[PDB]
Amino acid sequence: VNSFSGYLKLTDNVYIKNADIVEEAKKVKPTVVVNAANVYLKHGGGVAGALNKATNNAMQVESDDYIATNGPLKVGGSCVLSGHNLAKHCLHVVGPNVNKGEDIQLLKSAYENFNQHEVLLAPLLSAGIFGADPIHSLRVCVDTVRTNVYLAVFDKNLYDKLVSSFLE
């Protein structure tokens, strides 16, 4: 139903909210929820771990089956799997892990995947354990994505930094 509420306009197609993406997915019933995945689709922490836990491991079992056919995703790549109880679809996107020296230029590639979907509930890509500056990631999102993005940021302090950087 894509019943988004309380999202702040950043650009005509990028909105942001201080919220837990799992709780958003349950309220919003989005067509697409984006996971911040790794190449092995192993949902062991951060957004991925949260989304998987909210599916009671339905997402991890489906992810294992895909990886059985595909082998690992490429950095900057994506796949579309079931959203289970969270969404119609989950778009698993692999941003670069800058801690492992993966090129930050692949962040644009990662966000380009969003352009295959009209409306998405998403996190910022390559933030947290992937080591990219989250405000940088928001700039790449805004520059790259032309479809409608509703970004969920869990931490209030980071949310206020992002909004201050973007609008002040």
Given for the second form:
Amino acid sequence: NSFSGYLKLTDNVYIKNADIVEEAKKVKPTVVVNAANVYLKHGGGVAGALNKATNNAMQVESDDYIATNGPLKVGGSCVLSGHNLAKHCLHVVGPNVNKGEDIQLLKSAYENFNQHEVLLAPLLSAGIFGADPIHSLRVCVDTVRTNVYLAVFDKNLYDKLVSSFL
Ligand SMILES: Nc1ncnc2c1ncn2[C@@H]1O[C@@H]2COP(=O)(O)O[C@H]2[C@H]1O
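In place of the form deposited without adenosine-3',5'-cyclic-monophosphate, the structure of the form solved in complex with adenosine-3',5'-cyclic-monophosphate is requested.
Next comes the full complex, this chain leading.
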């Protein structure tokens, strides 16, 4: 958990303009959060990036998890190995608002973070799932009470987030 170059937004939320994969490799966090879908198919976005960095080990583990336990619920999570990126990966499913899933479940999604004292995480539902990323940050700030280090790849978004949060 050797986080460096983060801006403290609140007592427990920190933000950095960084690639979450590179942060995971350099920080070796206890927990890295994956922005997952319910069948844990990590084919793009953050999930594809994290999986690629494990050379598909995350995908093979995820497939076995699903075969035994079934798909996650929207707003739900599971803890699996972090492989070379972290001790653990917390796979969290935010709502896909572009497919009509209720934005209220973004709170449920972030509530999963509170089972872990320190997390390296992306903003949830902000990729293909279509939630407004500034709104997602606000739900994060209002919901997560443990210590969360947010990696925002896109500098244009990072600047908007910092400006919106002041
Ligand atoms: N093919 C894909 N393209 C984009 N994101 C994907 C893909 N497969 C899995 N994902 C992940 O699914 C997540 C759904 O929530 P996010 O949009 O926040 O981030 C998304 C990615 O991490």
